[PDB]
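Q: Residue strings, one per chain:
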Amino acid sequence: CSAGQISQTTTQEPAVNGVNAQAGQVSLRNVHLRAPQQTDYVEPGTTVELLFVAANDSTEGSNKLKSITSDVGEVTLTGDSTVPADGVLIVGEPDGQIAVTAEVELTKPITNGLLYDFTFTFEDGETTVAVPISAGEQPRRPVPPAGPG
Amino acid sequence: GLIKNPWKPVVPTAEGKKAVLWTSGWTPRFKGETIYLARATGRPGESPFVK
Amino acid sequence: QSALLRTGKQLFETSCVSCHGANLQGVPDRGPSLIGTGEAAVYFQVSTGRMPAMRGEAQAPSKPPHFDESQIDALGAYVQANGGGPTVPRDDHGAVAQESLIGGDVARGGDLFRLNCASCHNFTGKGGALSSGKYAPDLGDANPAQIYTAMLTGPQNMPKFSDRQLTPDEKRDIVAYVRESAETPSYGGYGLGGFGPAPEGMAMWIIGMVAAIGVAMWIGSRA
Amino acid sequence: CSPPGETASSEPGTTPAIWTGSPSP
Ligand SMILES: CCCCCCCCCCCCCCCC(=O)OC[C@H]1O[C@H](O[C@@H]2[C@H](O)[C@@H](O)[C@H](O)[C@@H](O[C@H]3O[C@H](CO)[C@@H](O)[C@H](O)[C@@H]3O)[C@@H]2OP(=O)(O)OC[C@@H](COC(=O)CCCCCCCC[C@H](C)CCCCCCCC)OC(=O)CCCCCCCCCCCCCCC)[C@@H](O)[C@@H](O)[C@@H]1O
Ligand SMILES: CCCCCCCCCCCCCCCC(=O)OC[C@H]1O[C@H](O[C@@H]2[C@H](O)[C@@H](O)[C@H](O)[C@@H](O[C@H]3O[C@H](CO)[C@@H](O)[C@H](O)[C@@H]3O)[C@@H]2OP(=O)(O)OC[C@@H](COC(=O)CCCCCCCC[C@H](C)CCCCCCCC)OC(=O)CCCCCCCCCCCCCCC)[C@@H](O)[C@@H](O)[C@@H]1O
Ligand SMILES: CC(C)=CCC/C(C)=C/CC/C(C)=C/CC/C(C)=C/CC/C(C)=C\CC/C(C)=C/CC/C(C)=C/CC/C(C)=C/CC/C(C)=C/CC1=C(C)C(=O)c2ccccc2C1=O
Ligand code: HEC
Ligand code: HEC
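Residue numbers (the UniProt record's numbering), protein chains in the order written: chain A, 24 to 121, 132 to 182; chain B, 205 to 255; chain C, 46 to 268; chain D, 21 to 45.
Since the hints were made in silico from the structure, they are not lab data.
Treat the hints loosely; a few may be bogus.
[Stated by the list, open to error] Here are the simulated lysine-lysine pairs, DSBU-like style, with alpha carbons at most 30 Å apart:
#1 B:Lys-221 x B:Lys-235
#2 C:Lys-54 x C:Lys-171
#3 A:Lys-141 x A:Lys-87
#4 A:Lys-89 x A:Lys-141
#5 A:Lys-87 x C:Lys-54
#6 C:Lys-108 x C:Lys-205
#7 C:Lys-205 x B:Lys-255
#8 A:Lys-141 x B:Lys-255
#9 B:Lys-235 x B:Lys-255
Construct the entire structure; sequences and hints are all you get.
A: Below, the structure is given as structure tokens:
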């Protein structure tokens, strides 16, 4: 009954804060934004990081990443954004990693909990991801001590 | 003596006294009252609820 | 260590590509992506024996592990290098921390466990059934590191409690309650499984009533 | 029977505004 075509285990998503996406032939895994926060918003002009891993489903040819755009600011790509034949392209260096980076210069404020659309183009497909903000291995920020009331 | 009216307004809310079953801890006691989603820290006393 | 990374990938290729892909992106309807899960998820899933999985069903059960401690570390490092993520706590000698994870406040851990875990694992981690073929397994066999990694990574249907939702000290208190509530002997006799009234009613009917009726037969007469 | 005051909606909804909080408890 539970081992049929509709199976609960097989359709499960990874227990991570990132988002999976299919950019035609490239698999976008663990797509998230790194942005330490202090107040209700991350004000415009602050520089945050966009981190993801691009997986080449095809094993014959190569692919390259171009023109990451979003309506939150301008995204700058630094490094060799080409993914190998049957390899990965790690963009960003997340916590727990002992150099392609995506630098986002904010134009409008962002906050953890909401979704912001990002556009990925490689050479054969343009998709929107709706990237979230993910705090990684950072410790819980201290809370001011409440008084007696 | 045992009989009690279920719908006697005894709970102060933002729009007057209300019956117990219509209210809860999330019912504002005045307009614009800030109610935080507090987490139980698991320790008795010494801030059992924090922001 | 490059030795640890290539050993992990070499182990990964012949054991985890069929369901998770060669580049850890996941195989649709067969397995999810392993990017960003971290070394903690791999440690739990392999040391508990849950992985490699054998088929798709309601819930993948635990079984004897397919790798030893050295191979688990190599597999964890390979997955860790692809997407990062949480890591298993370690002691001074670099081994997986077991005794140092036992918290000092079991009373706090008991209240936290009853708020956050008792619902799925029962008053004393005896397990509980879930919606359709799924269940919260009994907690008497997991070592403190496994409990910590389960709380960190949230396997299958268990919530992925982060270090911000539950601080390392709170997690250490919880595993202290989990470890002690499993090693504490019953005080009123045989524990009867610790499931509550259901074994208690079964034991009464099969023992006391059988003895009472059997004694009634011996004292009384037939026909 | 089904509860009359429980129906699904197709409206997307908007992001909730930032809470300010009125004084004088
Ligand atoms: C002659 C005597 C006995 C004869 C019996 C022998 C032959 C019986 C034949 C039955 C067919 C066998 C197929 C087995 C394989 C199978 O099952 O794989 C199909 C797939 O199906 C489900 O997916 C559906 C889709 O494929 C998905 O695309 C879709 O999404 C999904 O939708 C759900 O899920 C979504 C999530 O995605 C939700 O979004 C969505 O809302 C929804 O919930 C679908 O699911 P769902 O509707 O649940 O249908 C499940 C199964 C349903 O199973 C079953 O056979 C149920 C078993 C019934 C057997 C009858 C009981 C008999 C009792 C005893 C005999 C009594 C004792 C006798 C007394 C003594 C004798 C005295 C005389 O349908 C079927 O097969 C068709 C049923 C037709 C059978 C007809 C038999 C009726 C009885 C007539 C008897 C007359 C007698 C009169 C005499 C005069 C999932 O399971 C999948 O994984 C699974 O892969
Ligand atoms: C006249 C009549 C009147 C007489 C009536 C009296 C009868 C009662 C007799 C027995 C009294 C014993 C007293 C001593 C009590 C004691 O000191 O207790 C020790 C400890 O022991 C258990 O610890 C196990 C380990 O030691 C731990 O290391 C381990 O952790 C733990 O595991 C739990 O915890 C883990 C997390 O920690 C979880 O992971 C895990 O899952 C689990 O929960 C373990 O426990 P567990 O597996 O429960 O069982 C293990 C049991 C194995 O089972 C059992 O006893 C089964 C047998 C009894 C149980 C009750 C009956 C069941 C009835 C059902 C209805 C059956 C179903 C039938 C269906 C039909 C009908 C349906 C329609 O082995 C044993 O003890 C072996 C001892 C066997 C002794 C037999 C007695 C001999 C009598 C001979 C008499 C001769 C007289 C002759 C006169 C002439 C736990 O209890 C502990 O708390 C407890 O502390
Ligand atoms: C809604 C509802 C009534 C649900 C029940 C549905 C259902 C399918 C029930 C039973 C299903 C079972 C038993 C599945 C196992 C697979 C199986 C072998 C199926 C039966 C096959 C069959 C019919 C043919 C074989 C012949 C046959 C009839 C033998 C089966 C006999 C057995 C083993 C039956 C027992 C089933 C049963 C319901 C008993 C449980 C009794 C209770 C209440 C146990 C509680 C209990 C527990 C849980 C403890 O942990 C414990 C720990 C220490 C001491 C005591 C206990 C204790 O008693
Ligand atoms: C198919 C039968 C599989 C094989 C072979 C392996 N895995 Fe797997 N894995 C599979 C599924 C369907 C799932 C999801 C549900 C589940 O049972 O947990 C998983 C899960 C994992 C995870 C957890 C991911 C998370 O979101 O954190 C890990 C870390 C994992 N699998 C690793 C892994 C390894 C290392 C394997 C080789 C030994 C392996 N899996 C085999 C399916 C299958
Ligand atoms: C229900 C939604 C759960 C809550 C709340 C908690 N747990 Fe859980 N846990 C649950 C399941 C379904 C599973 C099995 C998952 C698997 O991938 O197979 C688990 C697993 C554990 C384990 C591993 C046990 C082992 O087999 O030894 C541990 C140690 C564990 N859970 C502990 C635990 C704690 C301490 C919790 C409170 C924070 C907790 N769980 C919550 C289901 C659910």
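Q: Does each hint fit the structure? Answer for all of them.
A: Status of each hint after checking the structure:
Between B:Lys-221 and B:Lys-235 the alpha-carbon distance is near 14 Å, which keeps this suggested pair within the 30 Å criterion. As the CA atoms of C:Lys-54 and C:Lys-171 are separated by approximately 37 Å, the hinted pair breaks the 30 Å bound. Restraint check for A:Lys-141 and A:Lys-87: satisfied, since their Cα atoms lie roughly 29 Å apart, inside the 30 Å limit. For the proposed pair A:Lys-89 and A:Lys-141, the alpha carbon gap of about 23 Å is at most 30 Å, so the pair holds.
Straight-line distance between C-alpha atoms of A:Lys-87 and C:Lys-54 comes to about 25 Å, which keeps the hinted pair within the 30 Å bound. Taking the CA atoms of C:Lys-108 and C:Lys-205, the gap is about 22 Å. The hint holds against a cut of 30 Å. Using a Cα cut-off of 30 Å, the hinted pair C:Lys-205 and B:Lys-255 holds, with the two alpha carbons roughly 20 Å apart. Of the supplied pair hints, the one linking A:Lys-141 and B:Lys-255 holds, its CA atoms being roughly 27 Å apart against a limit of 30 Å.
A distance of roughly 21 Å separates the Cα atoms of B:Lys-235 and B:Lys-255; the hinted pair therefore holds under the 30 Å criterion.
Going through the hint list in order, the structure does not satisfy hint 2, though it satisfies all others.
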